[PDB]
Amino acid sequence: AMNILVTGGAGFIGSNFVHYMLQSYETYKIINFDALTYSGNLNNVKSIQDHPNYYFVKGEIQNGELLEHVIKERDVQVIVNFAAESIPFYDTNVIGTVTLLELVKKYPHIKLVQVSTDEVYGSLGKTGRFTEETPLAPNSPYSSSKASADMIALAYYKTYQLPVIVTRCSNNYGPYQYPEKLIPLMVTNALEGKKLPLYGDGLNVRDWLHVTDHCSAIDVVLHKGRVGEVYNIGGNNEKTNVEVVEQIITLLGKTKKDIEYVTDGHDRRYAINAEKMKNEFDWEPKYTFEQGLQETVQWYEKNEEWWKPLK
Amino acid sequence: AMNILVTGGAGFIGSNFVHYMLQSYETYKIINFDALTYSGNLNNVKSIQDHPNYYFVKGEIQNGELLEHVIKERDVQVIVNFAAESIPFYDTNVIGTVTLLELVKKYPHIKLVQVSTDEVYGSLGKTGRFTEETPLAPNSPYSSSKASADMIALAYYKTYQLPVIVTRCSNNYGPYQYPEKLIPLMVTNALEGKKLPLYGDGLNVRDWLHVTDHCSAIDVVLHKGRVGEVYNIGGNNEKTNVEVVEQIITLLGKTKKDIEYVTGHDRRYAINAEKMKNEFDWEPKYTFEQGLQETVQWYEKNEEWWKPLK
Ligand SMILES: NC(=O)c1ccc[n+]([C@@H]2O[C@H](COP(=O)([O-])OP(=O)(O)OC[C@H]3O[C@@H](n4cnc5c(N)ncnc54)[C@H](O)[C@@H]3O)[C@@H](O)[C@H]2O)c1
Ligand SMILES: NC(=O)c1ccc[n+]([C@@H]2O[C@H](COP(=O)([O-])OP(=O)(O)OC[C@H]3O[C@@H](n4cnc5c(N)ncnc54)[C@H](O)[C@@H]3O)[C@@H](O)[C@H]2O)c1
Ligand SMILES: OC[C@H]1O[C@@](CO)(O[C@H]2O[C@H](CO)[C@@H](O)[C@H](O)[C@H]2O)[C@@H](O)[C@@H]1O
Ligand code: NI
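Each protein sequence line maps, in turn, to chains A and D. Per the entry's author numbering, the first sequence runs over residues 0 to 85, 95 to 272, 275 to 321. Per the entry's author numbering, the second sequence runs over residues 0 to 85, 95 to 271, 275 to 321.
Any given hint could turn out to be false.
[Said to hold, decoys possible] In silico SDA-like pairs for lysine to any residue, Cα to Cα no more than 20 angstroms straight-line: (1) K166(A) / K45(D); (2) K166(D) / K114(A); (3) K114(A) / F97(D); (4) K166(A) / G201(D); (5) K166(A) / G133(D); (6) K114(A) / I95(D); (7) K114(A) / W309(D); (8) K166(D) / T107(A); (9) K166(A) / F97(D); (10) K166(D) / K113(A); (11) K166(A) / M1(D); (12) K114(D) / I95(A); (13) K166(D) / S85(A); (14) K113(A) / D99(D); (15) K114(A) / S148(D); (16) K166(D) / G275(A); (17) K166(D) / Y150(D); (18) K321(D) / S38(D); (19) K71(D) / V56(D); (20) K57(A) / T107(A); (21) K113(D) / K57(A); (22) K114(A) / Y150(D); (23) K262(D) / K166(D); (24) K113(D) / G201(A); (25) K113(D) / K166(A); (26) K166(D) / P171(A); (27) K166(D) / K57(A); (28) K166(D) / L320(A); (29) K232(D) / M1(D); (30) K189(A) / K166(A); (31) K166(D) / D272(A); (32) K45(D) / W309(D); (33) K166(A) / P149(D).
Since the hints were made in silico from the structure, they are not lab data.
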């Protein structure tokens, strides 16, 4: 029944989302629109590349002509914007978003889900959790670029009533995450017999959300989410980086002697309260961290062909 | 002693600032860097265009190569960024700011004062005033572009300790404001024997700051302002649009019979500037009654300036 444009769909979360939608909705058309930057990888999507309902488009979200063309042609009804970079950093994160908003402004029947991050709220103290009313206070170029796109997106809603929704999630983990990222780094280093580094003092705290739970959250927001709102999405947990490493160590029968301390800045604590998702759609994460972590570790053990070339 | 780059210096506030600094500091060099868009007007600065300490540069703040060149060459020490637009809207307001931050990152001795607006906080209810801890909640494309540049600017401070300061002020009024803007529109229409329009129901509330008080605030921040901080700047008043028109009407001996109703905009803006007060003992020197009167006179005396723009 629906046609969905997934920008950044060759990336980590994006690819996972593309798979999730195709498996969950046998009649939806999924258009993966991706610029294939360093973090974009077509291998993430090679299993469904010949699926009759999948379409790939190589391009930048800043390319309005191409976007219009794809939109008219595929009769697009929803746009989920995962496309982002981690100077043309702002071009993609801010200006790319603006380009999408202008398209929606011209085709106001098209719903836009701007996928954002909890880093937008800055760091928490020892206690407390972010809510959708927590004020924005980004500390990095990346998080500031992300917050900027959010505020701009919501201003388009308040100014022209465009069907725009913003989601803010905690740290994702799962299959297809590049090996530079914490969990894969720890796992793949362990598999390669290397030291497991901990930046800082290892006590930074994060809320770990399994990628597919993020995908199911977006699926809900996309379908039943109220236009103009923000929705925090989290894994209902909170872990120090060192706890995460210790769990990975145990899962691979390694010892703590493999850990090593290094220096770096990074925010001290992130933790998301997702009661709004819960109250409004009765949504909760399906995975516990213990369960997610284990499957993820296995995935990396079983997929050296995928991560070796990226390391 | 100092060399200051004023971006957007051919505009309303920018030009006023250029004049204010040249008159206040006989040994400072002021470099007006402006792209001369629709709202840029070299007549705003023609009286000081031959001043030995003034320099003009035509260019966009997105032009990093040009900026670097000007910086190296004029041995710039401070940058005050007034440049802004009211799609390449974001290019100038966000990306232009990023371009300036990158340059500061490369020349971290250069202080940057990012000039922002109270529209960044969104609208207030019936009571209360904005503080520097009021959360951001912009409602328009313009205010969202402005807030974006602020958050980005402060993130550069938190991430690399760059000497960046953000100021947020209320509605400016005064000499060299285009005749499309409320006060000039009312005044210039009255002078031309036209109806004085009130958009909406005339009850939108604003805090009116005289442009030279804004300039003096920036002068203080520039010199004594703490890096990484935000400073709210306001006129310590609050007026409905209709009150403003009534005052203009009495100042020109017109009657209310000249007002006319027409028809989105935020409901109420009001700034609390106690931080400026506590930290630098700064207050606006103008009262609205005083500022409004001088402004009205200015428009009466400068038809040569506003006629071509109307
Ligand atoms: N830990 C996390 O991964 C996390 C946390 C919170 C929020 N999210 C957010 O979700 C989104 C997806 O994150 P991710 O981890 O999949 O990152 P990723 O780096 O894997 O995804 C980026 C994808 O977008 C593509 N891309 C980059 N610039 C583009 C452009 N201008 N036009 C079109 N495509 C472009 C890349 O080629 C790649 O395919 C981001 O907006 C991110 O901020 C992620
Ligand atoms: N009531 C107000 O006017 C008010 C209130 C609060 C904050 N401010 C802020 O103060 C600043 C100046 O306001 P104003 O009303 O005096 O401005 P204005 O529109 O009169 O002046 C804008 C100036 O900037 C220049 N400019 C535009 N794009 C440029 C670019 N890419 N590169 C270089 N220069 C460029 C224009 O040529 C023009 O001379 C803005 O940043 C605005 O956001 C204004
Ligand atoms: O390296 C150029 C650099 O400057 C900018 C500023 O707008 O553009 C300049 O250079 C353009 C092409 O190189 C010219 O079209 C233009 O004259 C000039 O503004 C940036 O866009 C770019 O990063
Ligand atoms: Ni086509």
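Which of the numbered hints above does this structure break?
-> 1, 2, 4, 7, 8, 10, 11, 17, 21, 23, 24, 25, 26, 27, 28 and 30
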